[PDB]
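So the chains spell out like this:
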Amino acid sequence: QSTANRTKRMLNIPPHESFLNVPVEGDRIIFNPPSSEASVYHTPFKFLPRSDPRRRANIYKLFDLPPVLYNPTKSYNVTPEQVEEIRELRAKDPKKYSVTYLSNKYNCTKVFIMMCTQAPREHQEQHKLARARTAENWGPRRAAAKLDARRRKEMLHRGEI
Amino acid sequence: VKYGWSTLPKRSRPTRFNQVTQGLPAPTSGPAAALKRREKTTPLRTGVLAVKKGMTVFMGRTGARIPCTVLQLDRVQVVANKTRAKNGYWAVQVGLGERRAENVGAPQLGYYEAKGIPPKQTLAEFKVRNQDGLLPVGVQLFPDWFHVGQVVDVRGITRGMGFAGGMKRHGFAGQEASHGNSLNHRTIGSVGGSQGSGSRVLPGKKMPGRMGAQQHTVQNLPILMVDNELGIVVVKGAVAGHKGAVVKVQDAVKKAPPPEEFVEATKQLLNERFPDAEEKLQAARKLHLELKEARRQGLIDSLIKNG
Amino acid sequence: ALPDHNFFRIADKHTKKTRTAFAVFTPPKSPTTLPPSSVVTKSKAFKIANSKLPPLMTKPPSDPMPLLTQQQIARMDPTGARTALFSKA
Amino acid sequence: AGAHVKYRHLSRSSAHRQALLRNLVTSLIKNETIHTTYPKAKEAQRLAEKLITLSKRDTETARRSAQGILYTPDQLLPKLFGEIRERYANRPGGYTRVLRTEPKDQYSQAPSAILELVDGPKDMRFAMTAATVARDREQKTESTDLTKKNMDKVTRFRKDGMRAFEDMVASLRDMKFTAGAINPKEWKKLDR
Amino acid sequence: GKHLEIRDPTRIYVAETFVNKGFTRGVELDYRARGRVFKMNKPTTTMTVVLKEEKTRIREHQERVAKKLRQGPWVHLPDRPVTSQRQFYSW
Amino acid sequence: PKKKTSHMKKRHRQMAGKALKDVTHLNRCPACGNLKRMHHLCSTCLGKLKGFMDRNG
RNA sequence: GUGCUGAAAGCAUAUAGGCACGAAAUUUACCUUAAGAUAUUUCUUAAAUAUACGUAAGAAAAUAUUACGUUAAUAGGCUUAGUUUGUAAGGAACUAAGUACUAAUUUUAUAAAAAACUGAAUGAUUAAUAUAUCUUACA
RNA sequence: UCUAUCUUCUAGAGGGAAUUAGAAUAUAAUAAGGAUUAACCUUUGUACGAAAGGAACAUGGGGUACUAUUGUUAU
RNA sequence: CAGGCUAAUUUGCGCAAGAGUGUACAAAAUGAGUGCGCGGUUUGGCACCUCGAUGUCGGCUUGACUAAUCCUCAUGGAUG
Ligand SMILES: [K+]
Ligand SMILES: [K+]
Ligand SMILES: [Mg+2]
Ligand SMILES: [Mg+2]
Ligand SMILES: [Mg+2]
Ligand SMILES: [Mg+2]
Ligand SMILES: [Mg+2]
Ligand SMILES: [Mg+2]
Ligand SMILES: [Mg+2]
Ligand SMILES: [Mg+2]
Ligand SMILES: [Mg+2]
Ligand SMILES: [Mg+2]
Ligand SMILES: [Mg+2]
Ligand SMILES: [Mg+2]
Ligand SMILES: [Mg+2]
Ligand SMILES: [Mg+2]
Ligand SMILES: [Mg+2]
Ligand SMILES: [Mg+2]
Ligand SMILES: [Mg+2]
Ligand SMILES: [Mg+2]
Ligand SMILES: [Mg+2]
Ligand SMILES: [Mg+2]
Ligand SMILES: [Zn+2]
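Protein chains in written order, with my numbering: chain A, 1 to 161; chain B, 162 to 468; chain C, 469 to 557; chain D, 558 to 749; chain E, 750 to 840; chain F, 841 to 897.
Quick caveat, the hints were computed from the structure, so don't treat them as lab data.
A hint or two may mislead.
To be verified - Listed below are the simulated DSBU-like cross-link pairs for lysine-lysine, each with C-alpha atoms no more than 30 Å apart in a straight line:
(1) 510/C / 428/B
(2) 453/B / 481/C
(3) 607/D / 661/D
(4) 607/D / 597/D
(5) 146/A / 816/E
Throw the hints in and build the complete structure from the sequences for me.
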C-alpha cells in the first residue's frame, strides 16, 4: 500500500480464538494447548526422577496407538563355536565368503558378521577403490547431489535439520 | 489458457485415473474420441512411398488420351507397426530407398539393427483403421499393392517459390499501369482501416512472404497402370513437387475402401513372397541384444573380428 | 534365418579406439527370384497386377520414362509403320 | 518468381559477361594459369574445358569455333591445336583445376581461387605435392595416403610422369626449399 | 563456463579488454540536396588489453568452487522467516 | 523516430546474436606446416612455389 | 416448424415428465501450418550428436532446410542416346544414362559437462562400533 | 513531400527450462487457419386440374483407361 | 473536416390499437389520423474540441464486422 500503516492492516491476522474470550470479571487461568511442536525442555513424566516433586496429572485432568513404523526384534542364532567358523572362512577366501554369504548361511544380520570378523587389509583396500572408481564416473551434476546427501545426514545429527 | 479450453499443467498425467469403466462419461476429446470420429475416413490399408519421375499421357485403345504422373517404388519395406496400446493409434511405418551406413547415425544404425532391415532413405507413417492393417516388419511392397482403377491420394511437398509477393502468393489484382499510378503497381495497397478498426493490422492479414515448399494432397486420382518390373504406379493428373521427390500414396479417404477380396489377396501375397518374415525378424532382435551387450561391456571388437 | 549383414565401426580420432560398432544389414547379394504366386482371385471389379514380379529388394531402373515410352509405342504401334513413317530417314 | 539462374551473371551485362569469360580463357592458355576470384574461376572453367574439347576434334568447324572464343587467335591457335592438343589427347575430360586460395585483393576480402591447366608448366598441385614429398624425404617421415594419392594424380597422364616429378623434388631439395618446415610430428604441440 | 585443461600455468591470456574513443581523425562534408551540408567526423579508436597468466584463472576457479561449497546443501523443509510482528499469539 | 532508443534496446540489436564467429576450419600446410584455412592453398608456399617456377624452367 | 406418450386441470394439450423429426448456419469430417506427450527390445562415460569447411540441391534476401565428401555419381567435364537447329550434314543453351577425368584433399578442426528429491519393489560389496587406560610388543 | 524508431501484421531465424544428462528418426491429443457457388436433364408429363398447364420426393449424368451403366451387333 | 452530446427531421425501423379496403368476412393481404418505443444512416441543433476540409465524397487496392435477406437452404398462414 501507500504507507507502512496501511500495509499492516492488509496483512493482519487475528489472534487465536482462545485469547479472545476475555474475562469480564476477575482473572481466570485457562488451558490453551497450542497447535505447535513442543521443545525438548518439556521433559516427559517418564524421564523425571522419582525425587522430583513436579510430576502432576495431565493438565487436562486438572480442570489405540498410531501405526507402527519400526519395531525390530533381536535374535541370537550364532553360537560361540559358529563365531570361529566365520573367522576362518572370511580369512581363507574373502571373495567367496563375503558378509552376505556368511550372513545368509548363519541367519544373521550383515553388520554382525563384521562385528566378529574383518577382511584382510588387501581386500578392504580393494573395496574402497571400487567405490572410489565409481565416484569418478559421476558427472558434476550427480557428484553435487551425492555430496548433498552426505551433508544433509551430518547436519541432521548436528541438530541443523 | 495456452491451447484451447484446458488450464491443466502440461506436466500432469491424469488420463489413466479418469476411466469409463468406473462410470464416467466417455470424453468427447482424447485419442479414443479422435479415432472414433475418423473411423470411416481412415484408410483400411497402409500406403507406399514413391518417387515422382515425370509426367506423360496414357494412350488407350480406341482413342483415349489420359494425362498421368509416374510414381516409382524403390525398395519400399515395412519398418515398424504403431499399435494403439503402445502409441495411441494404428499406423504402419514405411521405408524407401537406402542410405550409406556412414551417413546414418548410430542412434538409427541400432534402430535398423534390431529389425534386420538395411538403412532406409526416408521414413513415413500411414494411419490404418484397425489392427488388421498392420503388416509384418521387413516385407517389400510392390506396385501390385494397388490395382488398376483404384483411386488414391498423393501427398507431396510442393515446389518452393521463395519470397512471393501479393499477386503470386494470394492472387491480388494489383493496381493500374499508366493512368497516373505512382510506384504502386504490384504492391498490396491498403493494410487495414483506421482508429475504428483497432488502430492495428489484424491477425491473419494477407501479406507477401514465402510461398511453396509445403505438403499438398491431391485426392481421388485413379491408377491407370501398374508395372512391377519398372516399379511404377501411374496415376491420373498432377502431383505436388519436383521430379525425384518422395511422395506418399494411399487409398482415398473420401472413397469406399477396396473390396474385401483385394485387401485379403494383397495380404496373402506377402505371406508367399516372404514366407518367413518373423523368423528373420526374431533372429535380428536376438542378435541386437548380443551386440548391445557387447557394446555395454566394451567387447564389441571381439565380435567384429570373430570371422 | 539370420540375414546377411556387415559391421560398421565408429572409431576415435584422438585415441584410435572403437567407440561403438553396429551390424549393418545388406540385401541379398545374389538376388533371389521366387516361383509364380498361387494367389488367383476371380472378381470383376479388380485384377491383381502380379504379372511379372522382379527380383526381391533390387533397385528398379532409375529412368523408367524412356522405357515406358517404348511400352506404349509397342502397344500403340505393334508393327512399326507409324513409328517409321515419321522417323528421321 | 521466374526460373532459377542457369549460370552466374557476375553483375555484368550480357556482352560484358561474354567478354569477361573469353579473356579469362585467353589468359589461361597464354599463361597456363590465372589468379582471379572463385566465381570467375568457376565460370571460365566450363568454357576452358569446352575449348580444349574443340582442340581435340579434327573437323574445321571446331577450328572455327576455337577462333571465336580466343581474342588473339592468330597467336594462340597454334598453341591450342599444337602443344595443348597433344597434352590432353589421352585424358577423358577434366583438363582444368580450380584451387581455392586466400584473398587476392585484401581490400574487399573476396574469396579467390587459381584456375590452371592440369599437367602444365605451372601446375600448382604438381609443385605443392613435390614440396610435400621433398619435406618427407628430408625429414625421414612417411608420406600420408593423401600425399600418395596426389603423387599419382600429378603423374598419371603427364608425359614424363614420375621422372619429371622426381626432378622437381631434386630441384627443391638442392635449393633448400624445405628449410624451416615444421615437422608433421610437432603440429600437436603448436598453438600459434 | 568453458572447461579448460591448463598444463602450463604461465601461459599468457587476454583477461580483460575494452575499447575507447580517441580524437577526431578528420572532418568530411556531406553535400546533400537543397544546398545542405553536414559534417562527418572521421573516428579513431584504441583498445586496451589486460594480459594475465593462467595462475589467475586457477585461483578464480578455486574461489568460485569454494563459494559453492560454502552456501550449504539444499534442505527439503527450510526454516523461512515470518516477517510480521504482532503483540499477540495467533496459534 | 518517435523516441530515442535506450541503452538497453540498442545493446540488444548490436550484440545479441551478432558476435563475430571464431574461424575453426584451420589446418596445417603439408609442405611447410604453417596454419592455413581448410581446403585452401597456403599463401606463403603459393608465392614461393609460384616464384620458384618463374626463375628456372 | 412439425410430432408420439401424458398429467397438473376426469376434458384438452408435441406445456411438467418420458421419447422424436428437422437448415447453404454451428460441430465434426476434409486439407494445411502449428503443437511435441509418446514411441524404438534406438544411441552416448566424454561422448552420441551437431556445427564449421568443401561439392551441391527437391531449399533459397541473410539465416534456415535436405543431401554428399573418395569404401564417393554431390557439381563440372567427357562419352552415348534423346531433343533442337538445320544440310538427315555440321552444331548445340538443354534432358537422361554411363564413366572417378577435375573438385569435394594434409598429419588427433569446433561446439556438446552429461543421470535431482521422497516412497515402494529388489541386488552387490564393506566396520557401517563404542567405552576404559598409557603404554604395548620386540630386540 | 517523407530512407519506418515503437506497437500490430506477414514471413524466416539466433538463444531458451526439459520431468530435468543429452541426442537421432518417426510422431499423437490438441490448437490456429483454409476449403465453402449455382444451374441443367432424369417423377409412368406422374400427383393436382374441366382444360390450359404442371410439381415435391429420389437415383444417375468419374469411363472413347479400370469399373459402373445403357445400347449395338456376333456367338 | 472528423470525433463528442442531442434526435427536431429523415430515403432507418418495431410494437400497440383498428376507421377502412377485402363481393361475404377486421387481423390471407391491407392499415387513415394516432399512441408507446428502439436506433444513429440523411437534413439539422449544440459547441467539449483548431486541423485535412465546400459533392464529403467517387474510383482503385485490400479488407474486417453487422444483419433490418437480392440469390441459394429449412419452414407456418393464405372462404382470398
Ligand atoms: K511507372
Ligand atoms: K412449434
Ligand atoms: Mg528450388
Ligand atoms: Mg493489371
Ligand atoms: Mg486498442
Ligand atoms: Mg497500434
Ligand atoms: Mg553490384
Ligand atoms: Mg549488344
Ligand atoms: Mg546548390
Ligand atoms: Mg391425456
Ligand atoms: Mg394429444
Ligand atoms: Mg536405449
Ligand atoms: Mg564427436
Ligand atoms: Mg542462398
Ligand atoms: Mg557428373
Ligand atoms: Mg524497426
Ligand atoms: Mg493431429
Ligand atoms: Mg450447392
Ligand atoms: Mg469404354
Ligand atoms: Mg365490409
Ligand atoms: Mg425471408
Ligand atoms: Mg399452409
Ligand atoms: Zn605451406
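message = Checking one constraint from the list: CA of residue 607/D to CA of residue 661/D, max 30 Å. Satisfied?
response = Satisfied, since the Cα-Cα distance of roughly 27 Å is no more than 30 Å.
inquiry  = What's the verdict on residue 510/C and residue 428/B, does the C-alpha distance respect the 30 Å limit or exceed it?
reply    = holds, 16 Å
query = Do the alpha carbons of residue 453/B and residue 481/C lie within 30 Å of each other, as the hint requires?
reply = holds, 23 Å
ask   = Taking 30 Å as the top limit, are the C-alpha atoms of residue 607/D and residue 597/D close enough?
value = Status holds; Cα separation ~16 Å.
inquiry  = Run the distance test for residue 146/A versus residue 816/E: straight-line Cα separation, threshold 30 Å.
reply    = OK: residue 146/A and residue 816/E at ~18 Å, within 30 Å.
The structure is consistent with each of the numbered hints, conforming to all of them.
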